[PDB]
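Form deposited without 6-methylpyrimidine-2,4-diol, single chain, as structure tokens, below.
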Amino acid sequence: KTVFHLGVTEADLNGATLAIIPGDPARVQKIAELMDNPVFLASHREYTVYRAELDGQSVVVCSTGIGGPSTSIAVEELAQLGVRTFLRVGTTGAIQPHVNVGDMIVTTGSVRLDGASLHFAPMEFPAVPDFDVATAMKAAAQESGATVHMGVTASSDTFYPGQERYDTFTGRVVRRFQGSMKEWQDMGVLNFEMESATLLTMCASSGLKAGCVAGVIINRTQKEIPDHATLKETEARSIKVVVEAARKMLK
């Protein structure tokens, strides 16, 4: 009746079969307010849950927290309450020099540098979005006017060594990830993030539709720092895009 982590019932969802899932709980209300009659449902741990209405249809907005584990919980419990489509939205740092701040990335596949994806399908299984969702996301992102990159995302269970960051406490990176960023860059990988492999694998192997869209707020190959105005616009466009993607997904 009431799922263990989200603290929400099916009734609270008002027939919603689609959820927009940001990572940050503070972003949930912002996304919900883009739609009609946003309603606060619950807030427990990293899970802030809102409901809103899009073209007369109920839409859930639920934060996942950082990482596949907390994400897998949110998706599972929402799925128990009837949610079938999951739209990942956020902002990300690109690792390709041709990708600029303000561009949109729609994940076509994820490098599974996570662990939670393995709890739903063996490693050989592709962390791939639902085609309709990826299509809707591409459409919404392009209609926003932004430059849109359809490509592979490296999905890491860590923010630091898994994204080959050396500016750390130990300043070192395990053997597996040494020189990994260059390897991903050469393989055409667009960006790092921390939830897509879990989300895509879990859903693609569980009869759920999922996809990931993100605004690029920084480029690790570029030394130039984006201004607050461009960052604000990119954040806003990212959530505008995901809501329009939701609109395209609704029937």
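Shifts are known only where both forms have a C-alpha. Numbering follows the first chain given and starts at 1. Take the two forms, superpose them, and find the largest set of C-alpha atoms that agree within 1.5 Å; that set is the rigid core. First, how it differs from the form solved in complex with 6-methylpyrimidine-2,4-diol.
The only C-alpha among 225, 26, 39, 187 that moves by 2 Å or more between the two forms, given a superposition on the rigid core, is that of 225.
Segments of 3 or more consecutive residues in which every C-alpha moves by 2 Å or more between the two forms, counting only residues present in both forms and fitting on the core, reduce to a single one: 223 to 227.
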The other form holds:
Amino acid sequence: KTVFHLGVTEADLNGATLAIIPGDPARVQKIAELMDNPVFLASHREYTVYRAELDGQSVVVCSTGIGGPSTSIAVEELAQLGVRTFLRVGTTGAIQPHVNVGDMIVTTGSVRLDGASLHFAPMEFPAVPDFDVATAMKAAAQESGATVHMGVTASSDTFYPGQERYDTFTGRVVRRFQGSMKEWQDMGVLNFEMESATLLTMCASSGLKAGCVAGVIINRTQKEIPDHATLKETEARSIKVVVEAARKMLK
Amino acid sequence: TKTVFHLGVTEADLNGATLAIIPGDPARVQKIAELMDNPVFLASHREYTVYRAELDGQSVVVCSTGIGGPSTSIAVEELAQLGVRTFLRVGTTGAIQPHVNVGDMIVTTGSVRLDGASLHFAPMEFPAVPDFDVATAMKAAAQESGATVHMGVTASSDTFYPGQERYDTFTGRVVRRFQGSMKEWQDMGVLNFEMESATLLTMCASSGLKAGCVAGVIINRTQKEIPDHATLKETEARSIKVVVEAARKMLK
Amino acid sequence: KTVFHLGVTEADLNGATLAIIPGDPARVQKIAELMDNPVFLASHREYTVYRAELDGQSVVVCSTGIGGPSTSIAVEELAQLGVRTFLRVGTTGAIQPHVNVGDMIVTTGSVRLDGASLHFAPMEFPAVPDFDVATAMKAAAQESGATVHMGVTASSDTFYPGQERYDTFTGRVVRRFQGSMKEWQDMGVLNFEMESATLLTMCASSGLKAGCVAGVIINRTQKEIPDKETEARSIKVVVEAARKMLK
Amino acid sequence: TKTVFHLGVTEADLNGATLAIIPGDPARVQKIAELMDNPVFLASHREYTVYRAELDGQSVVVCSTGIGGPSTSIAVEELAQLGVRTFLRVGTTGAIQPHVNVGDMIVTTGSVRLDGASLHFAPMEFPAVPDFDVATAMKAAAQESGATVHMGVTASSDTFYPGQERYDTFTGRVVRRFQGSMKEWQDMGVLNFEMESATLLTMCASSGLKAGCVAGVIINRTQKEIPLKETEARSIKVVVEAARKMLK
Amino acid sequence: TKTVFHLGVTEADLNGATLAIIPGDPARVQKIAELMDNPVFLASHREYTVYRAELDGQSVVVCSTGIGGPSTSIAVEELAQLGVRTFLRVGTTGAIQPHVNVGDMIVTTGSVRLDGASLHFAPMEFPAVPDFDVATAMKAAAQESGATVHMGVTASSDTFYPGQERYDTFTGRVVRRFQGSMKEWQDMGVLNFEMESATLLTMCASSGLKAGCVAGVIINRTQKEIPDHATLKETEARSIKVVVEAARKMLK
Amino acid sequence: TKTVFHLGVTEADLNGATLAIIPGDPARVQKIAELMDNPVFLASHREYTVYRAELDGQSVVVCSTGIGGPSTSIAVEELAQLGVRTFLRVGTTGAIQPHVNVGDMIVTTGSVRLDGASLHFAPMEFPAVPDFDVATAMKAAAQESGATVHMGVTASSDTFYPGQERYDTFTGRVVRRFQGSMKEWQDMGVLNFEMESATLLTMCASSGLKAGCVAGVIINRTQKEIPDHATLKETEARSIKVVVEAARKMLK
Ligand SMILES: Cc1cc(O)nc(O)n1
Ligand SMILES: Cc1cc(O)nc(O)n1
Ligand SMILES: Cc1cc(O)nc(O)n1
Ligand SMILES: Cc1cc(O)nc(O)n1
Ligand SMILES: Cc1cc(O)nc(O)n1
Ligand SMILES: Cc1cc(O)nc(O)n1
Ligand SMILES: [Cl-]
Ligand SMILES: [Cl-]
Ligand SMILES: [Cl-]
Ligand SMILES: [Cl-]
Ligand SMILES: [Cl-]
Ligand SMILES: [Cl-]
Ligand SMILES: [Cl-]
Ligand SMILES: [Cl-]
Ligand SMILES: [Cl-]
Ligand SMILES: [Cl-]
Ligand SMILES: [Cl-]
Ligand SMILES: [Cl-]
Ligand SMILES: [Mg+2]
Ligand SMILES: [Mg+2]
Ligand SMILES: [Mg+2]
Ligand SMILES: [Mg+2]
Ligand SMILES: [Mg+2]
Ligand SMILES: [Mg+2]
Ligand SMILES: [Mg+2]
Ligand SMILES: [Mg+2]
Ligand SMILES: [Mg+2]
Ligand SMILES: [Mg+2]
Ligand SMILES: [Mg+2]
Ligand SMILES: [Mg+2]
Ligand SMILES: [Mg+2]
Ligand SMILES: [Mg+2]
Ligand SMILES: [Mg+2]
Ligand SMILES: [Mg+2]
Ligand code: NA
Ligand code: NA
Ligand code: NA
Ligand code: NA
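Could I have the structure of this protein in the form solved in complex with 6-methylpyrimidine-2,4-diol, to go alongside the form deposited without 6-methylpyrimidine-2,4-diol above?
Let's see the whole complex now, leading with the same chain.
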């Protein structure tokens, strides 16, 4: 069978039922090459797709683009082609003083500051990961030697006002989001990103297994501009971790 | 030095406890406490019966919540004022999936917020999620008891009747919001209904408290057969054995 | 035949079609003994049930527990057993400076700060008492010599943040409820409690008659935490209101 | 002193009135005023016609509201600026219960807020509830007139057509929110539909003003969609007697 | 043959008109009608005064709406039942932007739905948007008059007082939703407040009817100076001249 | 050097451009740029490919948005930080009206906000509407190309599948909110579906930026999902010529 956007067929996946889904198309090859026999399948729009083999089993690596909407297309179309387990890796900004740049976060639930999640389940439904995937991600992250936090992630449809950034063209933030950083901090939320609410809600309500692991590249209470060597090390460890989490999920 | 308004206990009464087991039914409090060492009755007011006990040398509180988020929210708050930081809920549930059997255990990984009290702690966007350590301890304890364990989403309703799409009622009416809702939750993979977890999990996850929920399955909306009496007795006993073992794992 | 939670049958109620529904199971016997031939029927969880006779007619007294959810179960199961009129009594915190401890309030409508009401009617629907019950409660309260206020009650699913209390473990209140006590005060709301929105909405949308009378035990302009007489007077009033509802 | 922006009257014009009767139709204002003593025309602008009269020696205002919450909210606000504290709404209505007959009276004990203006005074959780004294006076006046009187909940809609689930319309369609709504309100025991009570009652109950509504039934929606003389005449006699009871 | 319930007119009374000019004030109806040929009084009931006239030989209806979406919705519906398909709203307005002057005209490109009646036609997500041809005709007519014309967003409120964040009122109270709202709309570029456009535009755009709104500015929430009688008289007269010219441009 | 977080370009790179053409697909950026003078590649990062070109002597930037409001919102914000004030969206769309044929063009006059990002700029009541000059320019350019052009409302969804009521999916399920929604939008006169306009139009209209959307119809949902290749190619080629001519009209 074919799909509308991803440009791959079921045959291209060689029986893969697990996908690693980074955001950045450029990260796809980097992840694939941590496994055996990486093969470029397709690139169209924000969707770059590779296959590789992990302990003899086919695994697909597919970028999502930025945001719930583009993520939702990739997950749906991969599911049409037989994928049932989705491991999200990406970078994130921490909002708690105790979470340091270079730490890792495994999301136990997401604050749904998105729109696409509502296209799968009403707001009352929890944006939570599959327990096996979260468990595998925690184990892989801890085994790497990283400092790992389990907790709630705020997942926003914007990078700017929905994360209460004021250093912008207008410098304004709509009422809903004024004072919101402080509120999430007080409620113990660890970090911000832009895809987990959609991913987790879609999967948890559709019989798909999903989880999210992230490297902390900035801390909002500190500075916006990351140090290059620190960022590189964090990014490299994250992709090693997500591949090990995939290994733990294979049956 | 204060005595909290509803529970009628003081901090000193808890002998340093930082963990509470919180069943719904006041009559179950003594039953849980007696699985531990040196159980002592502290107080009973309204739906709140409170005992203390000792588990591997550490003080633990057992406190009933009553039915529903509102009465649960009072117990959790007043215990937190007195130093309790971890809350392990144990209780009965009805399953709504055919693959879940009477006698099985469910550990909630997140709750559908069909309640009102959760909104008094966090807006609806916030996830009603357990602490990961508590959920992990509950899964391990449940598996070690020999039970079949399901991890998944629980629908947490402010009513027993229309919010669980029951029609066998005085009016036989279910408001628009809840018509067809059972099938919707079933199709979304929800395991069960109960009436306190959304409040508990949202309150704790947004307030720096650790919480989780484990439940023995005593009825299944999709199975017409009458649950076996012996199985029910065994399930009640196993549930509370499991929650005490989960507490042991949290205090280690 | 025997309802799921309350542990009583229709026969146990001896034809009663009116219930007095306090919150605390311990107050059930106290109310029943204000009437004739009180009989203990059952106790389970927060639900203690008695029957008694008032001017020769059977009346039920049944506790609700705290909150809309446990209240909704009691009302439903009593209705299954033939009860059609529900008189809520309890205590409350006033938020207006002119409403004093010891005064009584009869709710004319509730601010729906609960969840269970939404399981019976959408938010647009008014949480309002049956007019005959409200009329009987006002008459009973006034005839007792009490100072009586008719007005709006804020009915909250929490005792703490939803009533904008800050002497709490977190010492914080979510955005929705920050500044809310002053807002309700400005809007003329009289008091806070925790069951009326559920009770009134459920009954007004289900062909049941309900109302709420409450004795004031704290004024929130004075302090947050409450410290016998007000309770005793309140239950005498609700029994007289029941007398007025009997046909 | 000031002349209010829309109503075109001053506080002095009202001769100390603290109670207003507020029908919808400007043409009804003189008809209500003439049931009292010394009626005098004060002003007419847009849908707002204003008279003063005397009832048992006390000044009373009669002021039309126009159709809907928005125009009602202006009249109530401006009258309150000029000292009015009690508002008695009279009008006609469509019943949705089969046992409520044309010619019956309804006194609203609470309104379903199917309007927008109520939200400009209180959030949706707040009850659209009358003042208890006004509702009590209206019930007594209605009964004393010999009318069959119903106390209960009224659905108060910002539209006459889709919000009252009428289908004999240009589009013949009703938006999702209102499809099946008449049956739902019927099942919930709602008595009737009209268009101003949610705004009036919410505004007043949240602003330290006393308000109530009484209405004569001119159609039963179990019978037909499209709808009077004797019902209107009896309704205004009733509201004037309710006013008398409030001034005593 | 039927006579519509509120407006008190029949289809035959409209003499084939498919376009209506809909001012708010019943007293303005005759004034607009007299700008055209052969004006004829049809009916007056409540806030609804109805005239017919002829514009370049074609029948045009002029019908007042009263204040607010609810009364407007009745007029539009009943006129549509009688064959009217195009609705041109005219009035005068204040403005909330300092660059908009008394005497300028505003053509609404979209409305902030601070009303209730719009929701009786379409859910809140739906845009309160004019028909493009009507908006185009109104802009052309307004500009041809020599006035400075602003195309932009209008805030359409179910109240004159709290929904426009007015504090000079009986209570001085503005509910939370509307506290700080004026500044918010100003910062978002909203031009003005009025009380009917959200209902009108949403109703029509979701019902196969063509609608638009044009207004002369009579006050500005942000300027010190008070406009003189002459400017206001000129603005009122220009607004109705403009709407009649917009009608001319819409005729086929 | 003024820099931005995602786009990888500086203000200097844009050579004073105040207008951007913003297609969805990065591959379409060079195709649009080459219709103008001196196109130069600036950067490519993630879904964002950026070129500069010159149109009648004025610098213009072409920048892809990616799929969806969230990625669109980043591009628009960062371009605005670098001085861009006018945004012309071009793309493809699926029509839902039987009278709107494959190969026609649509200029959006307002969007149904079935997205989340719009709410991060303005509450739901605010209209997702284009700048009137941009919409006018797009209509003229589209007409001048010989296309059949429709002006009207567009449904703008955060999903391609359930939010557009597609059932031929992995689960075959559509959440309650969206069941029956296609028919509802059809009945309300909505022309088409796409996934970025609600965010774009709301963000810009509430932030002092001018925006509009023009689209070629590549499928009609009442017909078939699989486009014919030659027809699609013709439609896509015409759309990019049209958006460049609309830009010319805006800069005149
Ligand atoms: C990397 C990153 C940082 C940040 O602050 N927010 C989001 O969404 N992503
Ligand atoms: C035990 C049980 C069963 C059921 O179906 N629902 C709830 O809340 N509890
Ligand atoms: C007795 C009481 C007092 C108070 O302040 N609030 C509630 O809910 N109950
Ligand atoms: C008179 C009347 C009748 C009816 O059915 N609805 C409304 O609003 N008014
Ligand atoms: C004339 C005018 C002015 C203003 O400020 N608001 C409304 O609705 N109308
Ligand atoms: C091209 C296209 C077609 C369609 O049906 N929907 C969306 O969003 N885009
Ligand atoms: Cl990434
Ligand atoms: Cl229990
Ligand atoms: Cl009590
Ligand atoms: Cl009643
Ligand atoms: Cl006190
Ligand atoms: Cl009238
Ligand atoms: Cl009839
Ligand atoms: Cl006018
Ligand atoms: Cl006439
Ligand atoms: Cl249009
Ligand atoms: Cl594109
Ligand atoms: Cl091309
Ligand atoms: Mg602000
Ligand atoms: Mg799952
Ligand atoms: Mg005690
Ligand atoms: Mg239904
Ligand atoms: Mg936590
Ligand atoms: Mg705050
Ligand atoms: Mg009733
Ligand atoms: Mg008697
Ligand atoms: Mg027809
Ligand atoms: Mg429908
Ligand atoms: Mg009052
Ligand atoms: Mg405030
Ligand atoms: Mg249209
Ligand atoms: Mg055709
Ligand atoms: Mg065709
Ligand atoms: Mg359905
Ligand atoms: Na994207
Ligand atoms: Na309870
Ligand atoms: Na209709
Ligand atoms: Na009006």
